[PDB]
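Before any questions on how it binds or moves, here is one chain, the form deposited in one PDB entry, in structure tokens.
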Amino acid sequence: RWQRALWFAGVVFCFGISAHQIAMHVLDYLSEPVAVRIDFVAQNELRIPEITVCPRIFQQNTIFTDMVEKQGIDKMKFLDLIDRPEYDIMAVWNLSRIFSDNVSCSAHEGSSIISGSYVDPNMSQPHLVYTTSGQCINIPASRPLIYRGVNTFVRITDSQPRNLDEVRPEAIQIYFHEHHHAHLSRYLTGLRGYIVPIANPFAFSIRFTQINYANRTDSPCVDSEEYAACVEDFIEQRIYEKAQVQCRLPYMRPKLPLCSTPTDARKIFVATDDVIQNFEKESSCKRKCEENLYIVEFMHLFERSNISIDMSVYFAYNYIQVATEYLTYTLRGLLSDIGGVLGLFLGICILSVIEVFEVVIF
């Protein structure tokens, strides 16, 4: 009656509250909550990024536009000349050449008190690579730089003889990309690169900031290469599927031949523009499990040099921010909270449950 009814009410209230708490915990585990731990991991060997050093886009280029005007065309219609038998799109995109052979990058690491800065010229030297911006040079930046001092830079240089044989370049475009993803160089160097003047010797400082996202069912992260591969394939195919044609331009990898018709070359170029502008939205990939963020700030330099193009990139800060989205609510945590709630709104343990099971088996 009274007593039994109230006892049943209380017991059912206890089970109801425990079940509601456990259900909320279970629903919390299904949607993995994520927190971020940010620490500064000082490393002695800095992983230098792979600098891309492009000229300004053909339209904004000085020397290439000068050649196009010499042939008698305006700053726009240089693709109305490629299928001319000798210009051979390869030789059109060789007219954007802003760097000459002598390009070489050194890797100064220390400072020394007798000799001076440790000039180490055996580091991976730069190679010329085609890009939407034209014909650039990619800085491999392969081996790591042993950070010792605030004077730890790679000094790119080019001693192109600047005699009055033809007008000479005004500025270049610098983009700091990651080791071996080919879409960063050949496509995204006209957008994400800094336009800086070669008239005077210009420097940089780079502080590295790394964001890491954990694998998670409702927000997955792919490794370094797989995102690059998916994005590059998307960009190359939709150029084809958005130009509704079949041919390529130097910045594309050798799938098909080189557009033996100017209208199709223009279609490819325009589709490239349209897809590169907004491949973040149209794509279906997500940021890597790592995310390098180079905080590139400028500086003045300590000495002049009569060199056509000069460039320093300082890495004086060896403490790198490391954000790491991580697993904050594990399955062990769920089981422990379930145990806590069943032992807090009750007296049930993992020994009483087995004891009742034993009683069931008589």
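By rigid core we mean the largest C-alpha set that fits within 1.5 Å across both forms. Residue numbers count along the first chain shown, from 1. What changes on going to the form deposited in another entry:
Here the rigid core is superposed between these two forms, and of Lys77, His180, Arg143, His127 the C-alpha of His180 is the only one to shift by 2 Å or more.
May I ask for the structure of the form deposited in another entry now, the form deposited in one PDB entry having been displayed?
Since only the chain itself is given, any partners or molecules it might have are not part of what comes next.
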């Protein structure tokens, strides 16, 4: 009657409400949330980002646009050089070289009260690499620099004749990146790189900022190497099935031969443009787990020296800011919260339920 019906109403209310927090909690766990922890890691071992230094983009490299303009053709159709036998595609892209074999890079990873900074030229030296911007110089930047103050930098230097033998380069295309399945150097140096002058001995300063992501079903991060493989493979696949040529330009993996004819080379170069401009959206592999960010500011520093190209890249801050996305609702939290909901919207305990089941079997 009255009392039993009201007891039934109370029990149904408690169960239904206790079925509205457990159901919501399980739905929350299924669509797992993610919070962000930000830390400031002070490390006395800074990992130099790989530096790709290119000319301007062929048509703006007023080294290449001069030699090409000497052969009866002009920048715009610079790729027609391949028509005549004595010019091949590799020669054309060597024609944009603005560096000179003696390109060095020292590591000034400290200072002293005598003899100023501590010079260390033993770090991996630059090597030439073919990029869509021409023939660039890539700094391996293999080992990490010991952070011994704000005067901790890498000085890249080139000493080609600075006299009136030819028009001299005005700009260079810097690009800071990471290693291995080279597409950052070979494709994206023209786009993501800073165009800076070389009239004066410039200086960069770089702060590091890592953005770690949480690997989860609805947004799976893939470590850097496989992301680079995804991006480069997609880029070349779209480049080949966009001109049907089945050939490569000097900035592409040695998969198929170098088609030495302007028409074919023109198709590949234009397809390269189209793909690299918008490879971000039509790719499939999502962001990396680790997302390094080099906040590159400009500093005046030291003073000048008479030399062709001087580039001091400073790392005056050792506090690499890390921002990590993480799973904030692991299963243990779900179990504990379900226990809490049952225990504070009902009378059920775990030992209570086990004893009830024991009584079930008597």
